[PDB]
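Engineer: Listed here are the chains, written in short residue letters.
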Amino acid sequence: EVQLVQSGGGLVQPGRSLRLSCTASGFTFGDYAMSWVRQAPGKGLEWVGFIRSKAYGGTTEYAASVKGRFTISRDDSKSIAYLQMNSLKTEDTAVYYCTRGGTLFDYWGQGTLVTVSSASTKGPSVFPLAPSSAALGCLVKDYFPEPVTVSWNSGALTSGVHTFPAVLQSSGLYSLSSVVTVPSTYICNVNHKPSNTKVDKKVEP
Amino acid sequence: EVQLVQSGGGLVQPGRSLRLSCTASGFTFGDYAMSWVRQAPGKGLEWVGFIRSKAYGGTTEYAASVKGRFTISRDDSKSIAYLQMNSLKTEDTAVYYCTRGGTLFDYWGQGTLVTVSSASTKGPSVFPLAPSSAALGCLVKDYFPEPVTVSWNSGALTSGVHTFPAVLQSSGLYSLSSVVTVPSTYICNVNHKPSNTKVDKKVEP
Amino acid sequence: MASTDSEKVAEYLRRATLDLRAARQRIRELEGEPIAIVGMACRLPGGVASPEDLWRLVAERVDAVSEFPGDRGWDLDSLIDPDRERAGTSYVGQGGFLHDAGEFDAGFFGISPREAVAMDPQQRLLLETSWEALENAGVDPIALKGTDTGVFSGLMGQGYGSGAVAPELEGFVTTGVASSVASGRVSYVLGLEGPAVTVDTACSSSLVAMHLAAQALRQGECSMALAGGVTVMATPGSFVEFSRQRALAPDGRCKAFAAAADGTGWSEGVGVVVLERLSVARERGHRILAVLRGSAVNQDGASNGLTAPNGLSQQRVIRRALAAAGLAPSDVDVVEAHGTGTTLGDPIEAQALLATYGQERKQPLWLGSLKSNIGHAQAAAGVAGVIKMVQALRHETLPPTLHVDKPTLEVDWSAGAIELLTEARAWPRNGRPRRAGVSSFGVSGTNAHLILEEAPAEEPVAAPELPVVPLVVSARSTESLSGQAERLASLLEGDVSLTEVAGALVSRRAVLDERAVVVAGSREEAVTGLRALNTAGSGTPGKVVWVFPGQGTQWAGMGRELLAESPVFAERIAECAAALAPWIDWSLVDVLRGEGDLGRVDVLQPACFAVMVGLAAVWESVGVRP
Amino acid sequence: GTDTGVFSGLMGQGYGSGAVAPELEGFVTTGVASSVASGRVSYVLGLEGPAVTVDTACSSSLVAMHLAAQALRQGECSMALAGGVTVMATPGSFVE
Amino acid sequence: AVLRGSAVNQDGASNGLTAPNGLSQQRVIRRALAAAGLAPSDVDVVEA
Amino acid sequence: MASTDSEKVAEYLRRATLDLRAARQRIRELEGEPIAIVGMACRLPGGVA
Amino acid sequence: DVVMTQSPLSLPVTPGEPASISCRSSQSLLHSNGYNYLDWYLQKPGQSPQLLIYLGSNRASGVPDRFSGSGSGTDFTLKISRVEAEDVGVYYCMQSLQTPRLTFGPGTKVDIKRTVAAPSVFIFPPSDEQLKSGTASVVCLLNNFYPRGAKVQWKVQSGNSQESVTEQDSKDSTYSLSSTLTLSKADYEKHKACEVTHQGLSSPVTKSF
Amino acid sequence: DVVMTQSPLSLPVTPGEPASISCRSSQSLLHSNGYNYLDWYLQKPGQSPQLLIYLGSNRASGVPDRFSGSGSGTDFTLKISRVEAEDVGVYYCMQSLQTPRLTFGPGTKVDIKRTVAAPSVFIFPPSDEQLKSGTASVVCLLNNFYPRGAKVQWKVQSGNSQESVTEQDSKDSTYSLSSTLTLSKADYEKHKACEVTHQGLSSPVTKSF
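Protein chains in written order, with the working numbering: chain A, 1 to 205; chain B, 1001 to 1205; chain C, 2001 to 2626; chain D, 3001 to 3096; chain E, 4001 to 4048; chain F, 5001 to 5049; chain G, 6001 to 6209; chain H, 7001 to 7209.
The reader is advised that the hints may include incorrect statements.
Straight-line C-alpha distance at most 35 Å; calculated DSBU-like pairs for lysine-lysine [claimed, not checked]:
hint, chain 1, residue 1, chain 2, residue 2
1, B, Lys1078, C, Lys2362
2, B, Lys1054, F, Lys5008
3, B, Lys1043, H, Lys7207
4, A, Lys67, G, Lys6171
5, H, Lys7044, B, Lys1122
6, A, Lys141, G, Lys6044
7, C, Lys2362, H, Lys7171
8, B, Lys1078, F, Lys5008
9, A, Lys78, C, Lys2008
10, H, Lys7044, B, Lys1193
11, G, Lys6109, G, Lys6171
12, H, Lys7207, B, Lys1201
13, C, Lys2362, H, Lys7113
14, C, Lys2008, A, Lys202
15, B, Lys1202, H, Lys7192
16, G, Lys6192, G, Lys6132
17, C, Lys2008, B, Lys1054
Which chain B residues stay away from chain F? Per the calculated CB distances, all over 10 Å, these [to be verified]:
hint, residue
18, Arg1019
19, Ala1040
20, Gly1044
21, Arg1052
22, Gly1101
23, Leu1104
24, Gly1111
25, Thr1163
26, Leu1168
27, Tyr1186
28, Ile1187
29, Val1199
The set of hints was computed from the structure by calculation and includes no laboratory data. Note that CB positions come from ideal geometry on N, CA and C, so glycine has one too.
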C-alpha cells in the first residue's frame, strides 16, 4: 500500500546545516520523481525543488530564490529521498512536505516542522490584563520555544474562552493573549514545558 | 457513438485507377491518425500506410512494395479520408480496411472487397458426379463472376450436403463442387445471377 | 511553446490507468463479493440444541422420528386411525416434534406472563435462537443497540389460538399472531434500525430470505444482517390434509432416493445465521465459519400442475447459481439434495442433477439428505441443511445417509459420475478448495440454490499461560448464574487453556446484574472452586470513599512480590524512591525487597506513605476512581 | 417462458377459517396459503421470474416495490409487477 | 413516470411497541433523498 | 526507433481514459439507474375501477 | 507570457446545496494534442493537501463522486452536488502548461454560511507589572463579528502593531480579533486608539486608551 | 535488429475449461519509463479484427471480462477462464517498440477440440458430358476428419491442383477436404491414385479412378 514517512526535523540555530529524510514504500520508488515543497506559518504554499528519475537523467531543479544552497539526493536501493538544508536563516522556519511526482503532485506526506531562531530558551512572563469597565485575560510573553499550555481555572472555565494563537514578535520571543468573555474563582494556569515553568495568576478588579 | 463507413470499392479492370473513401462520425476525427490495412484472399493481413494528424504536420508514410502509386489524404471539413488506388493488378486483389489510430488500431471498418480481372460473365458448366458403389453429387466449373447458388432437390435434401468453397482458376473462372453422402430423386439445381443461368441436373449410377 | 509535453504526458497518464483500474475492480467487488458466516444457532427434533449436537447426532447415523405430542391439547384417539379412508382421520402417527416448544423465559425479555401466553411459539423460538446466534458470533448484544443491522425471517401462519379468547388473556392477541411482529419484536428488544422483512414462500422461504439479505449487504443498506427460519405446528390439519392426498409414508420416515420410497413426513425446527461482508469481517477481527459465494432463485412456471415440479426450471436455476458464483460444474464435490422422498420428485431431481452436475467429471460427486435423519422441516428445512454442510467443512468428514438399500431404478445412474453416500468419507485439506451446494424446491414453485466454500486458512498464535487469572461470570438471575457456573465447570473438565477461556469470557461476553468471580491458578482448582461457588450479590452502587488508615500495618518485605509481578506498582515505587532519593541515605526499593531495617523510622513512615500511594495508583489503573 | 418477476404485499385474514364442508376438502390449504397468491399468478401467466410475498403491516406494498427495483438493477429479471391487496373477511379489526 | 430512490428502515427502540419516533422518519427521509441524488429544495409536494 | 515516443504515448494512453470513464459511468448507472413505470391498475371503494 | 489564473476570493456555502467555483486564465491552456492542463487541489485545515481533479474533467480515486469539473479554453468550473461539513477548507486552481510553478496562488476559502453580526469593541488598560517591565503593549479586542475582512489601525501607526484572529467557531461561526500596539513605556509616558472598520459595522467605532 | 515473436501454432480446446496462449520475444520490450509494448488482436472468421489487450495487462472496454493478460520482459501470456464456441478465430501478439509494423505474423488459430477422426477417402469418375467438352476435373474427397493438416498428393502430379477445405462442421465438428485436379481430356485419357496422409488415418491410402 502506497506510503511515505518524513523525518529529520527539530529546532536549529542559524549558520549550520541539517538534513530531512523521506522513506517510501508500497510502490516502485525507482520510477516516480520526488519533490519538496514548503509552507510558511499562516501563509500559502510554494514549490521548493524536485529531482528527476533515473530514466530521464536523474537531474535536479531548485527554486530560484533559494538556489545554490540546497541539494536533493535519492537512494533507490533504500528508496529514500534526502534534502540538505544549508545555511538556514530565520525565514526558513516553516513546514516541509515531500510529494511523489514531478508535475502532477499525486501523494503527500505528513509534513515536518523546522524552526530556525537564534533566540534561546526563556521562562514565560504572565501579566494579567484587568478589566476597566465583560472579559478578562492573561497576556503571556517572552517564552521560548513553543508551545505553552494556558488554561482557565485548570479547565473548570470552558465557555467564552478565545485562545488567540501566539504570534512571533520583532523581539524574537513568543507572546499570546488568552482571554475569556464572562458577563459580570478566576485563575489562569500557564505551563511552559521547554522552560519547565508552571505559573498560576489571577485577574481581579 | 464512434461510427465508420467505407465506400468506393468494386471490380476494376487492370491498369485503371480507383478511389476509396472512409467517413467518420461520433468523434473528433481531426485529432487522430488514419491507417490502411489489406488482407489477401485466404492469406494473412498486411500493412499499407498511414497518415498523421494536423497537430504533427499531417505527414504520411507508405510501404515500400506499394510506393509511387498510392496517396492518402484527409478532409476535416466533413471528416473523410481518401485513398487513391493506382495501377491495380491481379495480385493487389484484397479486402481493404480503414483503421483509426497510428499504432493502436482500436476500431476497424466493415471493409471493402476489391476485385481485378479481365474476364466477362459466363454461365456455369454443371456436371453429374456419380458414385461407383455412398457419396455423390454435382460438380460446377467455369463460371464467372461470383456467386453461384447450388441447392439439392429444391431444398428437400439437406443432410450430408458438402458445398466446397469455390477457388479462382488460373484463367479467371470459379470452380466448386457439391457432394451429398447418402448410401444406396437427387436433384442439384444450379443458378447463376450474372448470366441469369438456370441448370437442372440429376445423378444416377 | 508546445514542445514541453513528452515527459508530462507519461507522468500524467500513468496515474490515469493506475487510478481507473481500481474502479474496474470495484464494479466486480460490488457485483459479486463473497459473504462470510460468523455465527449459527438452531434447534431441531431429537434433543438438538446446538450445531455440535446436530453434528453428533448425524455422525452416528441416529434418526429422531418420534410419537405425537400429548401436551398440546390434541385428541389422539379419534385422530389416529390405521384405516386410510375414514372421514376426518390421518393414517400416520409418527414424525419429528419439538417437545419443548412451549417453554419460554418471559422474565429475561421483560414480558409479563399474560403477554407470553398469547404470544405465538414462533416468536419466542426466534427470540431465543437470535440471542444464542448473536452470542455465538462473539459480539455483545447490548452494545449492538442503535446500529443499522437487519433481520430476515421465514415463517408461515399456523392458526395458533384461533378459538375463543378470555378477557383476561385479551390484550395482546392481535400483536401476537401477526407476521410482521416476528421481526418487529427482535428489532424492538434489540433496538436495531435496519430493514425488517418477513417473507413467506412455502417450503423454500428460509434460503430466499438469506438470498435477500446477501443483496442488502452488497447494496450498503446494512453492515450486519441475520437471517433464519422457523416452523412449529399448532394444529394437525396439515397431517389430515396430506393424508387425504395419500402422500405420507405409513412409517413416517422419508427414505430419500431409496427404492422403497412411498411418502414424506413433517417435522419442526428453527435456525438462524449471521452474515457479513468478507472485508468487513477481516477488518473487525471476527472468525469465519464459511463463505457463501453465489445464489439464485426462480419460479417453476407453467408445469403439469400447481404442485408438480419441472426439471428444466431446476436445471436453469442451477446454471444461474453457478454462473453467479463464478465457478464451474466440475468444482463442487457434494450437493445436499432436497430428498423429499416422494414417488415423483426424487426421479426428476436425480435426472436434473445428472443433466447438470454429472458431466465431464474426473471424480464422481456425492449427495445426501438431512430429511432422512429428521424429516421435512418445511420453512426451516434449508437453513438446517446449510448448518450441516458448514459442520462438514469444519470436521473434514462426509456425513452418511440413512434408510437406503438400493438406488431407485426409475433413473439411469450410469448417465453421469454421481453416486449415493452410504458410508462416512474423509474430506481433508488438499490445496484445492472444497465447495458444496445446497438445493431447496418449494411446493408453490419457487426454487433456490446456494454455493458454500471453506473458510480461508489462518495461522495460529502461541500464547504463554498466566500464573493466576480471574474468572468472571454474569447473568440476569440466580438460577441462570448457577447454570452458567455448571456449564463452565463442565467445559473446563476437558483440555482447554485457562488463559484462553478467561480472555474470551472477559472480552467476548456482555455484563449484567448478577455477578460472580473466582480466582484460579490451575484448571483443577478452577473447576473445584466453580462447583463450590455458592455466594453472589446483586448490590446497588452508591458513592465510594477511600479511607486512609493510620499506623500498625507494616512488615519487612511488603512489596517484593508486587514489585516482581505488578508493572505499574513497581514503576510508581521506583519513581517515588527516585523522588525521595536526594534526602535519604538508603534504597526504599531494597528496603521493601527485604534489605531494610524497621528501626529506621525515617525509612518506616515514607515506606507506609509510598505503599499507600502505590496502592492508590494500582486502583486507578484498573479503571475505578474515588 | 420469459423471466418477469412478481412481488406482492398482503396479510392473512382468516377467510373460511371455521368448519369446512367435507366435499370442499383438498383445496383449503392452497386456497388460503400466502405464497400461492403470487404462485398462482405466475403459474397461470407462465412466467419464470422470482416470486416473493412480503408482510410488513401497513407499509407492505411500498416495500415490495422497493425490492422489485433492486432486483431490476441486479439483472435477475427484465420486467416486474408490484402491488398489494386487502379484503376484510371478518369484522375483528373493527372491534379490536 | 420514473422513480428516483427508496429507503426502508425500522423504528427500533421507541416510546412503546407501536409508538413512533420522529428521528427514524428524519433518517429515512434523508437516506431516500441521498439515494435519489437530490436536495430537499427540489421536491415540491409530498403525501404524508 | 523510439524518438517519436510522444505520439505513441499520447494515443496509447488516451484510450485508457476514454474507456475507463465509460466504466465509471457503468458503475454509476448500475448503482443508481432510474426505473420507469409503464402500466397501472387499481380497484378502490367508491365505484373506482 | 506567463499565464495568470484568478478565482473568487471567498464563497460561503450552506450544507445540502450544490456549490460552484470558477477559474479563468490569461491564456488558453488547450494544447495541440488536445488536452487542457489544469489541476484542482484541496487543503483541509490542519491537514496535508490533496489532489481532486486533473486534466480538466477527470476525478482521482478516493475522492467522493459528488465532485466534478468541466470547462475548456480559458475558463473552467468545479461543481459539487451537495456540500457536507468536511468540505470546509481551501481550494486551488493550478495550471501545468508552463513550468516550473513558483506558487499555488491565493486560492479560495470555504466556510459555513451565517448571518451578518457586529462586534462589541473593548479596550483594556496595560498591567502595571508590564509597566515595571518597561513596555507599552496596548490591547483592544473584538468579539463575535462576521464575516472576515475587519481592519484595525492605530492613532494615539505602522510597524509597531500585531493582530491575532481566532478560527471559526464550531457553533457561533463568528470571528474574534485581538489587536495589540507595541511600543516602549518611555514613549507611553510622553503621550497618554485602535480605529476599527468592518462590513458588520454601520459606522466606524474607535475606542481610546 | 528486427524483433521477432512466436507462439504455439494451434490450440484446440473445448468449452468449459480454461486455456492459455503464450507469446515470446527475441528482445526485452520493457522501456525506460517502465512499460511493455504488447498488443493482442482477435479476428473472427469472416469479421474485422478487434482489439482486446494493450500494454500487456489492462483490458480494453467492450471485451468480455473472461479474457486476461499478464507477463513482462520477453514472455507474455493470454488466459481465458471459460472457453466458448464463438471464441474461435485467429490471435496475434504484436510489439510496438519498433515502428512501422509491416506484417501481422502467422498468428495462432483456435478451433474446437474433439476426437481424432480419419477421413473417408473417395474418388469419383468425371462426367461424360464434361469429357465431351475437353476437360476433366478429378477430386479426392476426404470426409469427416479431424484435425486439419490432411496432406494429399496425386499420382498416376501437381501444378494444376487447387485445395479447398470447409470450415468446422456445426454438429460433428469435423472437416472435409477437396483437392480438385484439373486436366484436359487428352491428358486425362493419356493415362489409364490420390495418396492421402493425415494423422487421423493410420496408413497411407491410395485411390485410383
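Engineer: Looking back at the hints listed earlier, which ones does the structure fail to meet?
Structural biologist: When the structure is compared with the hints, numbers 1, 4, 14, 21, 22, 23 turn out to be violated.
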